[PDB]
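Novice: As a plain string of letters, each chain reads:
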Amino acid sequence: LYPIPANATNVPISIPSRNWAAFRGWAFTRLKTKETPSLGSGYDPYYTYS
Amino acid sequence: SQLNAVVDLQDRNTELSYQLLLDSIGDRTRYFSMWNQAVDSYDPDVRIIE
Amino acid sequence: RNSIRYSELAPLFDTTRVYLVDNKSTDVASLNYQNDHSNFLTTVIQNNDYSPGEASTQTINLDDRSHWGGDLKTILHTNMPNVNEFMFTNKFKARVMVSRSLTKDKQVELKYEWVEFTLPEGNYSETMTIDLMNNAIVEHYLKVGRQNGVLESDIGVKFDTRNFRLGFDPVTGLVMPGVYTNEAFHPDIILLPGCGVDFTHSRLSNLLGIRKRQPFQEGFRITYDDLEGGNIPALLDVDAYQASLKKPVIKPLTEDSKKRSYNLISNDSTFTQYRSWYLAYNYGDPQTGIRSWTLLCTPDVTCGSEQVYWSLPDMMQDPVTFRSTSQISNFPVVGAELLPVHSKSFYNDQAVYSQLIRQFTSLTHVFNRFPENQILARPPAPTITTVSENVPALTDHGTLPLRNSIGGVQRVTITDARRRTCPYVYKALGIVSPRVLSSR
Amino acid sequence: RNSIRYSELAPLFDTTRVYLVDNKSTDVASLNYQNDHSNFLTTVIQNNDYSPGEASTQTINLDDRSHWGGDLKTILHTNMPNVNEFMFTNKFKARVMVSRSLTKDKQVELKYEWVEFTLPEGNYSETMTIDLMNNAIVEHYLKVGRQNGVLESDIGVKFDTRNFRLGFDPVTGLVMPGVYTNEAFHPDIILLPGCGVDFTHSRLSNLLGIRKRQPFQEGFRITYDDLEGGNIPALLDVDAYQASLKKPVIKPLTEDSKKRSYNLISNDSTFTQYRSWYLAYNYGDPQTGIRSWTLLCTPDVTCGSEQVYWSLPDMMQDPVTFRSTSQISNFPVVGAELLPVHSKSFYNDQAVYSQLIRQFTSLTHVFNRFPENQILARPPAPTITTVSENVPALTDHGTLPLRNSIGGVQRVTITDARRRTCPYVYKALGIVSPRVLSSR
Amino acid sequence: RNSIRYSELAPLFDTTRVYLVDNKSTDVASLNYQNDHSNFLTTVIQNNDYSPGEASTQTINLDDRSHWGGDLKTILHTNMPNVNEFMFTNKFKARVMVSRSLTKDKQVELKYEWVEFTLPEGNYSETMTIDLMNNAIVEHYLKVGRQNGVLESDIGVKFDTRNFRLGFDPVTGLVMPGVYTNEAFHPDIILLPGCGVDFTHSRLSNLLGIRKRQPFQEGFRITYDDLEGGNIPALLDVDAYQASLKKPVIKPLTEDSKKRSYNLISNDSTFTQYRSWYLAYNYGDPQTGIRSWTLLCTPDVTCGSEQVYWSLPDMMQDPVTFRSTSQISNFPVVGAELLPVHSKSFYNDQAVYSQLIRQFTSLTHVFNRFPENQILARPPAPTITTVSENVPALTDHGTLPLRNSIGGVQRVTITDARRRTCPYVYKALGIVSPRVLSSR
Amino acid sequence: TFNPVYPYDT
Amino acid sequence: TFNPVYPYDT
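Protein chains in written order, with the authors' numbering: chain A, 652 to 701; chain B, 352 to 401; chain C, 52 to 296, 375 to 569; chain D, 52 to 296, 375 to 569; chain E, 52 to 296, 375 to 569; chain F, 10 to 19; chain G, 10 to 19.
DSBU-like cross-link-like pairs, simulated, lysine-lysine; straight-line CA separation at most 35 Å:
{"no.": "1", "chain 1": "E", "residue 1": "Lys380", "chain 2": "D", "residue 2": "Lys387"}
{"no.": "2", "chain 1": "C", "residue 1": "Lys142", "chain 2": "C", "residue 2": "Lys387"}
{"no.": "3", "chain 1": "D", "residue 1": "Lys473", "chain 2": "E", "residue 2": "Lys556"}
{"no.": "4", "chain 1": "C", "residue 1": "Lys142", "chain 2": "D", "residue 2": "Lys380"}
{"no.": "5", "chain 1": "D", "residue 1": "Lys263", "chain 2": "C", "residue 2": "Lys124"}
{"no.": "6", "chain 1": "D", "residue 1": "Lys124", "chain 2": "E", "residue 2": "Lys124"}
{"no.": "7", "chain 1": "E", "residue 1": "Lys157", "chain 2": "E", "residue 2": "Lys388"}
{"no.": "8", "chain 1": "D", "residue 1": "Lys388", "chain 2": "D", "residue 2": "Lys155"}
{"no.": "9", "chain 1": "E", "residue 1": "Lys142", "chain 2": "D", "residue 2": "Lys473"}
{"no.": "10", "chain 1": "D", "residue 1": "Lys380", "chain 2": "C", "residue 2": "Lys387"}
{"no.": "11", "chain 1": "C", "residue 1": "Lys142", "chain 2": "C", "residue 2": "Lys556"}
{"no.": "12", "chain 1": "D", "residue 1": "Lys387", "chain 2": "D", "residue 2": "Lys155"}
{"no.": "13", "chain 1": "E", "residue 1": "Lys388", "chain 2": "D", "residue 2": "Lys194"}
{"no.": "14", "chain 1": "C", "residue 1": "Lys144", "chain 2": "C", "residue 2": "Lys162"}
{"no.": "15", "chain 1": "E", "residue 1": "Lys473", "chain 2": "D", "residue 2": "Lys142"}
{"no.": "16", "chain 1": "C", "residue 1": "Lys556", "chain 2": "C", "residue 2": "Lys473"}
{"no.": "17", "chain 1": "D", "residue 1": "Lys387", "chain 2": "D", "residue 2": "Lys194"}
{"no.": "18", "chain 1": "E", "residue 1": "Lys124", "chain 2": "C", "residue 2": "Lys556"}
{"no.": "19", "chain 1": "D", "residue 1": "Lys142", "chain 2": "E", "residue 2": "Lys380"}
{"no.": "20", "chain 1": "D", "residue 1": "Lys194", "chain 2": "E", "residue 2": "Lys375"}
{"no.": "21", "chain 1": "D", "residue 1": "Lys375", "chain 2": "C", "residue 2": "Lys155"}
{"no.": "22", "chain 1": "D", "residue 1": "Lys380", "chain 2": "C", "residue 2": "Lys194"}
{"no.": "23", "chain 1": "E", "residue 1": "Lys556", "chain 2": "D", "residue 2": "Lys75"}
{"no.": "24", "chain 1": "E", "residue 1": "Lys124", "chain 2": "D", "residue 2": "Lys75"}
{"no.": "25", "chain 1": "C", "residue 1": "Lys155", "chain 2": "C", "residue 2": "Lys194"}
{"no.": "26", "chain 1": "C", "residue 1": "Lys157", "chain 2": "D", "residue 2": "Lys376"}
{"no.": "27", "chain 1": "D", "residue 1": "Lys157", "chain 2": "E", "residue 2": "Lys375"}
{"no.": "28", "chain 1": "D", "residue 1": "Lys388", "chain 2": "D", "residue 2": "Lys376"}
{"no.": "29", "chain 1": "C", "residue 1": "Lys75", "chain 2": "E", "residue 2": "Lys263"}
{"no.": "30", "chain 1": "D", "residue 1": "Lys142", "chain 2": "D", "residue 2": "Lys388"}
{"no.": "31", "chain 1": "C", "residue 1": "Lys157", "chain 2": "C", "residue 2": "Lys194"}
{"no.": "32", "chain 1": "D", "residue 1": "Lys375", "chain 2": "C", "residue 2": "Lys388"}
{"no.": "33", "chain 1": "C", "residue 1": "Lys75", "chain 2": "D", "residue 2": "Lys556"}
{"no.": "34", "chain 1": "E", "residue 1": "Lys75", "chain 2": "D", "residue 2": "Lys124"}
{"no.": "35", "chain 1": "D", "residue 1": "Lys380", "chain 2": "C", "residue 2": "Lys388"}
{"no.": "36", "chain 1": "C", "residue 1": "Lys556", "chain 2": "C", "residue 2": "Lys124"}
Please keep in mind that the hints were generated in silico from the structure rather than gathered at the bench.
Produce the entire structure from the sequences given, and follow the hints as far as they go.
Specialist: Below, the structure is given as structure tokens:
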């Protein structure tokens, strides 16, 4: 997940040199930060959406 | 063995994977109370006004 | 034979160093967040590329053909308060008088009850800690005592620190000087009939320097009734005696300025109803008194050297009998170490020459509210105050067995005697140096 | 089998010593120059002939047939100031009142703003550090406050160190003594409506002894609004009450000499608008107050034991996962050690008997500018001051792997937590003693 | 296989101990004489018969078939003075005014010159060291200054220790209090136009706690010109202002009792011609001021932890790259160790309450000669004085290679950074314990 | 009949 | 109307 600031239009992503053997491909979408609870923890204090 | 067979990553997406797995093996249009198996949808006539 | 491989980097041999550290800028951001320096995650990776987490995938592999072990030295640093809630040094139960009443025509009805007073975290130094306690006894009287009868004259329970018995004359039966010699010897607790204190759930006991001679019998209750033999003797009526020069002497000062009664047992006896621990200990029956089941000990502000246990669940093998689990409060232990707190000692001959001046220095007699009553007075400050002081501890555990596959993210955890993270840790970090031990 | 050869000298066996040292007269002249004791070059050669640099050509060769390692003990000595810019202890943001105005006929327009005050590097001791802070709040008022309305009466933010609540009477609702008992218990910060302080970018927080119970959540902001429950109670009108002997009592001293208002919430309430941290912590709602997310801790002037990492890029093999580079701020690490600074503790019962005398000693009341206002007064000096003190550290890292060909000139580098040379190093030097570990 | 033979005594195996010690009654008599505890001879023999020297013939033989090594722990003890000639702490160059003259009808001819003042070895404590310096500036004026014009009013160079800027009011442009707040913060050096100080050949710099941010560039010269921005502001004419209650204020006290001029730049400016280092550092342009190339550091009386190197030319093999010689000042080194001196810190709140009393205690105002001039006054004594203190050092070097034939008389030698015996050694002695390392 | 419990005299 | 912000009296 990469952040897209409000009104931002360009989204550059970089992946440091690594191994690609067996790579299958890419798949992608776009989500709203408000609708994406934070999963890097047991509880998201800033998640006010259901 | 006391060794944990379960090894997870924050990087993995189990819930979604299961969503996609279901669609591939059956008719997501059918409901199944046991697992609360009732897919989220919307009225086509609401999303697209005709 | 004894390699040490990593992703794709030259293999290393014989030994090296993996570092467990909280500080790292990257991981703090992501990983720990809702954690603290006593239960955190950290990447052992140390390779600038690779997103932490993605780091988590990688692993440091100690050659498989041999059983490895690693020396584990750590640097622990706290800053825990002398008196705080978590360590159980901010509370303490005591029984005081609640109401003094005129009842059913002629009866004097005294109602006593137990109550738990608390202290305001921090406030180091032993003497002052005493004061804060005495003050809490008062603060309570202020909210219940007076407004229910009970005078100051009959305030039950007060921690003092002197030998009410230095003046004492074996014939007179009185403290000739007319004053309880104002020097500090050891903390003790004084009680009035019917009341007393309980430390069952408090380490402050250890601060006063009074312990049970049989520790493991959970239940530290010291009643008035227990302080047998050894009630603070009474004061000579210095004024009467002198002016009178038979000789008055037998006259045991019954009150004081602002007229407070020294609760004397009877119009005759030279003894007062005030019982002192310190007295019972060395002045009472050694075979049945209190000296029988309690011990007079050196104070110690830390309240009791407690130990903390380390655990690196994801990096060391689980020691002999511990079983591996995921319950933070049961992780295997790999190293024990005393919790970083010492008793620095100082000299303040300024004590009691200072209490004298300290009272003017502090714009209030908040602690000395009863500057006349020889008992309720403010205990003398003892020369040689102690103060808990936090100190970094460069400890060193031994070589411990390692897993031959060290995960990218290791979990570090410092626990306490009862097994629970310790909020007062500011810095914890360790250095591990693996090395061979034998082969498979 | 295990030789150690050099240019043309007798071969040595089993072990010896290479010395890493800055002092050398020759190299200082040439080599380092634009460097400092934390990032320098040095010749390991130690042979009187040979021009340094030309030395650089030569090499110490540890027999090739074996993997060597060397014990590395070092001697590090600094002299870094308690309060300085590099460590982040000379700045700190706080929000104060900027302007007090008479507006649009009837409105009282209060304008508050955040501003970052700085301190003059060095000035050790905790108490004094507090003072320097309070002074900086003032120094600002002097450049903006007064000349824009705002009286002294309404100065927002002041670091004190006492328990505004000792006198307090549960009935009166006032500090009976008529004075906030002048004794020091712990540092705390007091705020007026609308203002507050922020330490997000400062270790001074750690000096006051106030930390977040959840450290890693970058963002230390403590608003007036946060200090719920626990506004400094008001003072009894000691004069009125006494002279009046109904009883005046309810009279809560509204001003003081030189008539400054104690901003009382209303003509009724016994509480003032002044909110104290220390109060909120142990006197406010434990479940929702500030005690919920901040921790009362022991001061510590050093501001926080930080560690430094060593690196000998040209002499040790790169530890497990570090990759070799030439970017000074990423060199591999070979040893970690706490940065040489301790908290020496002293006793000055002379405190507050000294503030009293200190004020005459210092020909100015620079810090006590408001010697009447019971709040804005100069906080009491606490008995037991702390002072960061620099100390040489004879540390000892373990045996580390070596390259079998040691260059004539080695580069030594001591870095800090954030990875950057540390200006405060006066002496750094290490001794390495190579020895065999296994063969190829 | 691993014997250890001596003349004609039972052979010993595996290990033992040879002792290097100065004390021995016999050898002192004969051998050393013109030597000292830093370059002496000693017999390792330890056999009561045999005349030393004749002892010299004998030898301890470590089995030839193996390469031996020995653990070398030593006991070093000095007693070197804080301030002495050998360490370079008794001298220091400064530029002062030599002559003030009335010339060629209307010209004011000022002649300045550099001169090196010396201090009387010993005199520890930092504060006092400052004083001794200031005094030396004076003592010179007494021999040249006055008798060539130059008044006290224009004495260039004085080491002080306070923040001439605490009173300062951003509007007034003056130190309102009418007195430079008499509290000590850090040593600094004040200069008058045209003069300044140089430490190029002195460690005292390190005593003041002022270092170059680029050490290796030999050349510590701090001119008046350098102390840009940050001239001690002037004092408010407290008397005028008050009595006058427009308002005088703008009146910046031009002299003092005994009428000395505060050299104000012009009849207008609030600033004086007196420039302070401490000011320039934190009050001047951070990018171009002095803070740009000098660093504010903790004092440290020792003047700088220096190291000493050991050497046992006749008993250990010569470490990697040293070559064997007979030039005492180039012997091979076998162990490095910091020179046994620490900074003990004390508390004297008695400072400045003591300077006040110290002046009456010392029957003379020798250091305070100008008790009126707010500048030339005697710097405040800082709370927390430091004092170099000598301490025995039980150090421990590692195992070092040995010669398989140890001579009867060994030569011991402790050298310093620059390689020269160190006169201040009272006791030096070491214990060597040989043991096998491999075979030939 | 209120005890401030404080010796105001001294 | 200038506050020196300093108690000159004492």
